[PDB]
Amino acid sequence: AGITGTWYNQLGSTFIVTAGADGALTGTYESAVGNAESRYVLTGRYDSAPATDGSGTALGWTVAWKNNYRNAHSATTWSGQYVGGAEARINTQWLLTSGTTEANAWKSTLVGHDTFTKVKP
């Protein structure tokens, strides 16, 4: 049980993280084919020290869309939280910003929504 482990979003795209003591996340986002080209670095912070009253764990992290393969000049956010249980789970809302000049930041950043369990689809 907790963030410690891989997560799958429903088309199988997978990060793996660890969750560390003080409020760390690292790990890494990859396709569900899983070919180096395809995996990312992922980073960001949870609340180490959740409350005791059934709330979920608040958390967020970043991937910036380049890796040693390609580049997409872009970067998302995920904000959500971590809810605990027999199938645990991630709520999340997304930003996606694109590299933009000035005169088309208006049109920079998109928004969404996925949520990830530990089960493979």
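Residue numbers count along the first chain shown, from 1. By rigid core we mean the largest C-alpha set that fits within 1.5 Å across both forms. Compared with the form deposited in another entry:
Of the residues 51, 41, 58, 36, exactly one exceeds or equals a 2 Å C-alpha shift between the two forms once the rigid core is aligned, and that residue is 36.
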Second form
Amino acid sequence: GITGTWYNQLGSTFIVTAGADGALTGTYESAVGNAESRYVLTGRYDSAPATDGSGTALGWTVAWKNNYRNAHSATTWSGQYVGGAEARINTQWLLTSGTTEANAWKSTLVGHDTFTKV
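Can I get the form deposited in another entry as well, since the one above is the form deposited in one PDB entry?
One chain, no partners, no other molecules: that is all that follows.
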């Protein structure tokens, strides 16, 4: 299922628990960027997905602050769980750093992460 420990192509670690209320909770450890150790995450997922083989929609957020470090930024991942012999979560993400109004144009990075339980 969705619950468990996941890894992306960057080697970052995504540990998540999916509740029946549609809630996501857990921790995220980034391999790259201004991050150290684990950060809190929370999100949502569709608790009653379709049955036509479609994926299960979900999303979550990490604010890159912990007791170790503060990168003044947040990332949201938006994607879906796909079932199969090899289960994976495909996402696209938006990473926004706090900026002055003059610098807002360079506030937001975009990318794509594919997660697996390897």
